[PDB]
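Now for the letters of each chain:
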Amino acid sequence: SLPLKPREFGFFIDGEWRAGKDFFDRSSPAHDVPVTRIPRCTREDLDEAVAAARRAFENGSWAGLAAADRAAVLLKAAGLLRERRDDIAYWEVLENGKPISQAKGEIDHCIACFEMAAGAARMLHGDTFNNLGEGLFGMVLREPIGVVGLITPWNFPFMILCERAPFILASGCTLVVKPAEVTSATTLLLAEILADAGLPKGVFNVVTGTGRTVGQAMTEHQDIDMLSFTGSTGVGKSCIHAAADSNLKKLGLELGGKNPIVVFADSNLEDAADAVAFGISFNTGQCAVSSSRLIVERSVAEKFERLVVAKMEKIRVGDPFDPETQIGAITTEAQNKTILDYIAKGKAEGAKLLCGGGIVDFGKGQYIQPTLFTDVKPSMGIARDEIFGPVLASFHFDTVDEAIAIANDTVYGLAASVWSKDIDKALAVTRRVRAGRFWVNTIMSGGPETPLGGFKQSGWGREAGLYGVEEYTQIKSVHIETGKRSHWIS
Amino acid sequence: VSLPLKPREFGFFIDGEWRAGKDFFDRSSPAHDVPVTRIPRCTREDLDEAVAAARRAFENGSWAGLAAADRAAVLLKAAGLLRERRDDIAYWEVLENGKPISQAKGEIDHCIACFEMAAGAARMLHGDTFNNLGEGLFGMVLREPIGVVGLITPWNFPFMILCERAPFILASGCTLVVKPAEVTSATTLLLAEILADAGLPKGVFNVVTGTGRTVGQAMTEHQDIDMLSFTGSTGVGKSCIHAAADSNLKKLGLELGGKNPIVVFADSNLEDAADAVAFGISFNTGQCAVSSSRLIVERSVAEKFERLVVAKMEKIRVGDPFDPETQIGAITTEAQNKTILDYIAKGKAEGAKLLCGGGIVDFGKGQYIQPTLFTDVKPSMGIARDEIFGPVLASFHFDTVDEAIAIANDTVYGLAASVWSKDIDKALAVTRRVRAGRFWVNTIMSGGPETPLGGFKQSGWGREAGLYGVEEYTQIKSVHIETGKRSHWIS
Amino acid sequence: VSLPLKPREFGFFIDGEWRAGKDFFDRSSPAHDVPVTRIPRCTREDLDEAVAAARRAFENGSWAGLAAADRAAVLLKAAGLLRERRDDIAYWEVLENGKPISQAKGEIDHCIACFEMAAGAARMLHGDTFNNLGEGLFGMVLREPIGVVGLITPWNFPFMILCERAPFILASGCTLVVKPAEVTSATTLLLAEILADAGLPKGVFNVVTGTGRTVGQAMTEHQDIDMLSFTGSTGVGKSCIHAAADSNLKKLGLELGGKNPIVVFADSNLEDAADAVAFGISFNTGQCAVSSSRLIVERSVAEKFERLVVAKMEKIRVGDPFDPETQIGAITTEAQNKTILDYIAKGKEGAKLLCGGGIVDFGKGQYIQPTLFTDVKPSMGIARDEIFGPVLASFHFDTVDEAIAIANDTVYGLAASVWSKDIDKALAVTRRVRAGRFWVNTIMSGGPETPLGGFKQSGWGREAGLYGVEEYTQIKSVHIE
Amino acid sequence: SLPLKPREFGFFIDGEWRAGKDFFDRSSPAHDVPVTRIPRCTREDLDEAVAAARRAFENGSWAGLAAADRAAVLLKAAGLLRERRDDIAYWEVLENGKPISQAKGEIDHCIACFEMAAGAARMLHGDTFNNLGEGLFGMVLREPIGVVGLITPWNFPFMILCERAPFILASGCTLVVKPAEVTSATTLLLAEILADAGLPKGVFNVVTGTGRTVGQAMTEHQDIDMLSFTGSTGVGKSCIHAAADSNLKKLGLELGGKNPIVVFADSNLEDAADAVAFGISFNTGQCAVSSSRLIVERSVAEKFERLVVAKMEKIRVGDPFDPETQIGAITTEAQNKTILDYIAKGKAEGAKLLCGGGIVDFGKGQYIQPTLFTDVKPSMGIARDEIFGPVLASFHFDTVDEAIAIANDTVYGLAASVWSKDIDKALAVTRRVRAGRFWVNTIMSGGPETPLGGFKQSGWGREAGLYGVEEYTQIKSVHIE
Ligand SMILES: NC(=O)c1ccc[n+]([C@@H]2O[C@H](COP(=O)([O-])OP(=O)(O)OC[C@H]3O[C@@H](n4cnc5c(N)ncnc54)[C@H](OP(=O)(O)O)[C@@H]3O)[C@@H](O)[C@H]2O)c1
Ligand SMILES: NC(=O)c1ccc[n+]([C@@H]2O[C@H](COP(=O)([O-])OP(=O)(O)OC[C@H]3O[C@@H](n4cnc5c(N)ncnc54)[C@H](OP(=O)(O)O)[C@@H]3O)[C@@H](O)[C@H]2O)c1
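Protein chains in written order, with the deposited numbering: chain B, 9 to 498; chain A, 8 to 498; chain C, 8 to 355, 357 to 489; chain D, 9 to 489.
Please note that a few of the clues may not be correct.
To be verified - Using 27 Å as the maximum straight-line C-alpha spacing, the simulated DSSO-like pairs for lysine-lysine come out as follows:
| id | chain 1 | residue 1 | chain 2 | residue 2 |
| --- | --- | --- | --- | --- |
| 1 | A | 492 | C | 311 |
| 2 | B | 84 | D | 84 |
| 3 | A | 360 | A | 322 |
| 4 | B | 429 | A | 492 |
| 5 | C | 311 | B | 429 |
To be clear, the hints were calculated from the coordinates, so they are not data collected in a lab.
Let's have the full structure, built from the sequences with the hints guiding it.
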């Protein structure tokens with residue numbers, strides 16, 4: 009089942025797998041066994057990857073193709089994703105700790121993303137303005153912005169990769185990808201999948217390594233035209249600084265969240281409780297769209313919190329390779345400590361622990377119980393800070409206005425969920441809560457047809473959908489004068 | 008004809024209310040060296056108040072909660088008031104900026120078009136429905152005004168750039184805190200008056216006048232401005248980006264510098280191209296971010312064309328901006344005047360050949376600079392790379408389409424580009440392969456607000472005008488609704 | 008308000024010129040039975056002349072060749088003149104139609120919105136670029152005005168429907184030949200004046216007044232009308248369709264009949280729904296294609312709700328359309344008045361009369377009481393056929409599926425209304441009822457931002473919104489190299 | 009390699025192959041050997057297929073799926089198309105006569121069409137109007153129109169099918185397909201491909217038979233919500249009548265054409281000559297987008313015509329299974345006579361034959377030479393009538409205005425091609441010639457990213473592109489208060 013020896017990966021620039029010299033040793037967060045050895049690349053490796061990406065972009069080998077040919081590769085990548093689902097998921101689990109059932113289901117979304125991007129490759133379009141007059145023809149062109157840096161986090165290593173890479177590639181952009189050091193394997197597998205899919209060399213390059221070395225060099229890179237960053241708001245701001253200090257590269261930022269899940273008394277309380285438990289426990293709460301702030305109508309608040317407790321206590325925690333396991337390991341020790349500290353702060357600051365609050369001790373790996381706090385004052389740390397763990401903070405409200413104000417009482421704005429059978433309540437919360445991803449009587453549903461992204465400090469730009477493909481294009485307005493010019497100078 | 012007897016002292020505009028300043032910036036006509044205006048130097052507390060007003064006006068639904076029809080009504084009425092007040096706006100525009108009155112008036116037409124475009128866009132602003140997701144899953148994408156928008160504008164097209172931003176920002180339901188250039192604040196304050204007369208609710212458009220280093224920097228750093236429209240130098244654009252990172256991650260619509268190529272092919276109408284080239288670098292005395300500052304001309308006609316451009320530049324009517332025949336006006340600021348003259352000196356010092364201009368035009372008053380053409384420009388010279396923001400054209404020769412494109416693309420910028428060729432393939436190749444956000448084919452600086460404008464690379468972020476410019480100040484909200492019965496995660 | 012001492016004689020409008028009639032239709036106020044207007048009865052030669060003017064105005068670039076900015080300027084100025092002339096348009100609208108003056112005035116607001124929307128759409132009208140086809144292949148999709156557009160409008164919303172078509176057609180650069188309903192031509196000629204005063208070039212908007220038999224049929228058959236907007240009966244729509252096949256294959260934007268459901272759930276705000284149901288069937292005295300003709304109400308509240316509708320339907324102010332308090336005006340034509348009364352007679357097939365059932369006799373004009381039938385069986389005439397009067401047929405249901413099946417049980421599909429606070433019920437009904445215009449917990453509330461049109465036999469194409477501007481454009485794909 | 013006995017097909021209803029009772033016997037138009045036996049279905053068969061498509065549409069088995077699931081099937085079908093390329097092309101060649109190389113290359117476009125439709129299935133979207141005020145939310149939904157009839161011609165049996173069916177299927181529409189009786193094989197093969205790709209039963213039904221039996225019943229059917237018709241303008245008009253006389257079904261019409269190819273002196277004349285020869289000789293001119301009217305600048309007209317003559321005479325005519333063969337057989341005897349007649353009419357009316365003008369005698373099928381007439385006067389039959397054969401009518405011009413006026417001098421408006429290195433000429437012609445599919449310095453080059461269709465009598469609606477998927481959706485405006 010688990011690797012007898014950690015799998016040594018290379019990094020990938022210009023279609024060539026490159027042996028590492030220095031390596032990050034990744035142990036399974038769920039099993040405390042060595043699983044992979046990932047090259048710790050240098051800035052020079054990054055430069056070569058950017059150079060390869062630049063070459064692959066400037067020589068027309070990808071952007072010069074018909075959308076049909078880019079779609080062909082992406083549709084083939086999607087097919088290979090299906091064929092390799094189990095292998096990708098196995099390595100995804102090994103490095104991330106998420107359940108194998110979840111990882112497999114994520115691959116389905118990844119396949120949908122590739123198909124969507126393939127479709128979007130063809131539908132990527134600008135405008136014609138044939139309405140400007142007899143001698144004035146206007147158009148708006150879209151063209152791939154060029155070399156796109158892609159930095160991804162460890163919580164959904166492959167999925168977030170597939171929620172970016174295909175959409176970026178679809179327009180004809182080329183990619184330099186730095187996955188999270190702890191979860192680089194499946195990104196390298198995608199590099200192989202893409203190569204097997206017929207992606208030209210240099211179009212998808214993976215420079216593995218640390219955020220401080222490779223990532224920072226990417227965000228500062230003078231020849232990366234745009235960077236998709238998914239990760240903390242803190243490092244996102246560093247990306248922004250780096251863009252300003254380098255080449256003004258565009259940034260597609262997918263940052264933190266402290267997402268509200270607003271539950272009204274007139275919701276299906278059982279459904280909402282399941283969704284709330286799911287919303288904060290999915291990926292063991294290592295989820296930027298996790299519903300970490302329960303905002304429940306006071307009349308059902310205390311019952312509903314308990315409904316969530318019942319739901320959370322039935323969540324199957326265990327070996328992620330158990331197909332029955334529903335939430336897996338905390339991916340990193342730092343995040344594990346962060347979550348535990350936040351639970352400690354929650355207790356210390358006077359919040360009432362309703363369930364969870366501690367580790368799950370399997371003697372191996374790092375697991376944390378789904379945790380629900382109530383009696384949370386908006387000023388508590390667990391109320392404001394992204395815990396990135398299965399830690400739910402519950403807030404009560406009497407009115408729709410209070411619900412949306414609590415929901416909006418955040419620096420973030422990634423996601424929000426509203427549970428109500430009342431169309432007006434649903435639409436009011438949906439329309440007035442500043443979140444880029446909204447779920448009404450659902451959570452974390454919807455495929456790559458729709459753009460995703462955040463308001464406020466949750467990021468810049470949108471990903472997936474046609475939007476996500478357009479996000480990595482530049483808009484070029486073109487005005488053609490066809491009549492004789494009336495001269496400015498006599 | 009007649010300058011103000013005493014400089015007109017303006018207020019600033021917060022929450023529908025004109026405010027007396029405490030400290031004032033004294034602005035003299037750059038064309039006349041006469042005091043013309045007196046502008047409040049606002050404080051950060053003023054800025055905070057304006058943001059608070061913009062926030063209030065945004066959150067209380069007085070603007071964003073209206074129907075688009077009501078926002079369109081105000082924008083359309085404002086468009087009407089722009090037409091009615093054209094001469095007055097243009098008068099103050101000329102006074103603070105130095106551009107010719109005829110250009111200033113014609114700029115107002117574009118302003119009217121922008122307000123109409125935005126008024127129309129207000130209604131057409133839309134997201135998506137995904138009715139194709141299955142019986143039990145309904146998806147939509149909403150657009151909504153991002154909220155409080157900071158708007159920082161430069162002095163070169165004070166009113167026009169303002170009107171190329173504010174109505175599109177407003178159209179979605181955003182509220183605005185505006186800092187115009189310190190030296191050209193009047194007409195932005197006039198727009199506040201116009202907008203109020205057009206029925207714009209209080210707090211929706213606020214003007215906090217003052218310096219970019221005080222009010223502007225505080226705007227870019229403001230914890231409660233959700234987005235900042237910045238038009239100005241790439242250098243200050245970078246300050247905005249840092250400031251966004253250091254504050255609230257506000258979105259930035261950046262309209263930055265340019266070093267825009269005008270690619271002239273031998274098979275173009277060379278006389279038309281020469282006129283457009285002369286215009287492209289001389290319009291607004293070259294204080295124009297979309298100015299065609301880099302002539303990229305096919306070597307076979309390069310010398311003929313450069314001479315054609317010189318002949319065109321020599322006839323550009325320089326003079327008193329209130330002369331309706333004046334075609335280029337004063338340099339707006341002394342710093343920019345010195346910068347332009349320095350770049351002309353640097354051009355000569357670096358070995359470029361001056362073909363015409365190269366110096367001031369001395370009227371004994373104000374600051375005028377001759378339309379200036381350099382040839383023998385090497386790509387590494389300062390005038391080849393730095394934006395001079397004056398009427399200084401650098402000429403480069405090419406033999407091949409690829410060379411023209413490589414020269415045209417040889418810049419950190421990517422705001423604008425012009426290609427002159429009757430050959431559809433050359434025109435399309437240059438158009439598609441030169442990294443500029445605004446392309447003109449056999450034209451220059453044409454096309455109204457129907458289309459988005461913006462830059463590639465260091466020329467900015469985002470697009471302005473068109474429906475795009477309205478969408479740029481909206482947030483995209485995906486909404487998935489599950490109907491039917493939830494399949495429970497937990498058993 | 009004074010009615011005209013002598014009927015106002017109009018001209019028809021060709022190539023920017025007012026044209027004296029030879030023969031005239033004499034129109035009396037349907038509300039006052041006094042002559043109000045005299046309208047030219049034009050010929051095929053007048054029609055051909057207008058089409059030739061519209062052709063000329065289209066081919067010479069005087070309108071389509073302009074920048075969208077200049078078309079927008081005219082439409083915006085037209086919108087301004089509409090506001091200035093609201094009272095005058097509304098007066099003639101009331102005189103020839105019988106709708107209340109208050110309603111006529113509010114319709115003018117929507118007309119202004121339409122002109123503004125059309126002005127905005129003129130600039131935003133766009134196709135696509137396909138810059139993604141490879142370095143050696145560039146693709147575009149151009150939109151261009153289809154050319155000369157015939158516009159046939161009905162008498163129920165003569166000015167409003169005109170403004171819900173004409174500016175959207177004009178926005179793209181199309182030229183128009185308009186035949187309004189013979190009985191309600193005045194305000195269409197007034198728009199011709201408004202458009203001329205707004206700077207519309209000559210020949211871009213031509214009004215050939217007259218009968219559908221002469222002018223309309225000639226429009227639908229015309230070898231040089233590139234597209235025809237028809238708003239009117241499904242029957243005449245089919246005649247337009249036949250005429251298109253038999254002539255030049257002109258495109259048809261058809262806005263046809265309807266038998267629209269208003270689905271009311273017990274969990275709706277029942278008082279609001281009752282008001283909306285009363286409004287939806289009584290607005291314009293039910294002479295409304297988007298009228299909620301079939302109340303589909305949850306059995307658990309059905310007769311209680313029917314009572315609320317009865318109570319509100321009996322409180323609707325019927326009277327002189329010039330009374331600003333009047334909420335329903337006259338039936339516009341005798342034929343329609345007979346039809347509605349006949350349908351009330353047929354209904355009385358055993359349907360239970362709950363309110364109305366008869367005319368309102370103020371002594372003059374033609375008024376019909378807001379009428380509610382219950383115990384309506386799906387096979388009855390009043391259940392299925394469009395009455396085009398203030399005649400509501402009530403049906404009961406227990407399940408969402410039933411409501412949707414009842415709602416969909418029509419050859420039509422113009423409009424639908426669902427009343428429920430339940431989001432699942434609202435979306436299920438909204439998504440599964442085949443109607444082009446849907447209202448959730450509202451009725452007749454959307455402005456011209458959105459396209460309007462029908463499913464099934466309620467029409468072809470959409471009007472209003474940018475879609476409606478696009479409907480009168482041709483799509484031209486362009487591939488280069 | 010030729011079939012020993014004609015392949016007897018069934019027709020395809022509700023996922024089941026159905027043995028025919030009456031049969032159309034199809035012989036290879038290129039080889040005059042029996043090739044297929046195709047059910048001549050009845051109107052009852054068609055009713056059954058419609059019922060299945062109605063069933064498959066209403067039970068949510070296709071329209072109720074996520075777009076992802078329809079895309080999955082479409083993408084899988086695209087995969088099966090690639091696997092079955094040779095088999096599809098083989099039967100396509102047998103029944104149509106086109107060269108195997110072209111038939112195989114057409115399948116590439118078919119795959120692109122399925123891929124594009126799969127993509128569009130996911131992107132198919134309407135609008136949200138979140139800008140209508142705090143108390144009014146507006147939406148525009150798109151939804152599959154329902155049961156779509158699909159009637160296709162014999163000139164591109166598989167390609168046109170794949171240029172319609174997947175785009176129609178993409179939205180969730182179900183299909184009843186009648187291919188050309190003479191070329192039904194590969195359409196039945198698509199039904200199988202779609203079944204193997206997991207398409208639910210009843211979503212794609214093929215009722216083979218005649219247009220006058222099966223086709224007319226489709227166009228007249230009371231339960232077909234929209235019909236995609238590709239074929240003659242005459243029959244397109246019959247569909248229009250049938251729609252008016254039945255259920256007001258929407259019509260996507262892809263009708264005739266008389267397409268201009270405007271060649272300027274400043275074009276690459278050899279490139280244009282090759283494109284001109286191809287544009288009229290592709291599919292042996294049995295192509296609605298064929299450039300049948302050469303409109304060439306007088307200054308190079310005769311020089312260019314000679315280049316075209318030289319190009320046409322090198323066009324490899326022969327056995328379509330020869331991979332080197334460039335143009336194949338005339339597909340039907342009626343069309344062969346028609347082409348030959350028009351060549352006769354061309355000579356009889358005084359046009360100067362420069363090349364071709366007769367059959368190519370292989371002792372076997374029906375082949376016609378690429379044919380070029382010059383001195384063609386606008387009143388001649390070959391100038392105006394669609395020949396649907398490899399017969400080029402050449403016209404000369406001096407001015408851009410002339411080229412455009414000649415190009416527009418047709419009742420049709422399907423396609424046009426302009427050849428010029430001059431961007432102004434290219435854009436002027438492109439913008440002013442009323443054709444729905446335009447080629448600049450190319451011919452027949454766009455993939456399915458773009459909509460295709462005609463102006464004027466060349467059809468209604470657009471196909472391919474997201475637009476073509478949208479054409480088979482209904483627009484439903486929704487306003488929520
Ligand atoms: N869709 C979303 O919005 C989304 C989804 C997932 C995660 N997140 C957010 O990410 C956070 C948790 O993930 P995390 O702890 O992995 O975040 P993180 O510390 O920001 O790491 C994200 C990625 O950025 C890299 N990185 C680190 N420093 C960098 C620098 N200076 N320049 C460039 N790249 C740099 C990291 O490399 P290393 O491998 O060396 O750390 C990693 O690959 C939460 O705030 C969560 O909400 C966002
Ligand atoms: N559409 C365009 O892309 C466009 C158009 C015009 C100008 N530009 C660019 O602008 C440059 C020349 O114009 P300029 O001299 O006015 O540019 P600038 O120095 O960047 O000034 C632009 C505006 O930014 C303000 N500002 C200055 N420092 C700031 C700071 N730290 N934070 C926030 N705002 C600050 C200025 O205030 P002060 O009034 O105190 O200077 C002024 O209102 C050229 O590079 C040109 O290409 C761009």
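Run the structure past the numbered hints and jot down the numbers of the failing ones, going up. Hint 1 alone not satisfied by this model.
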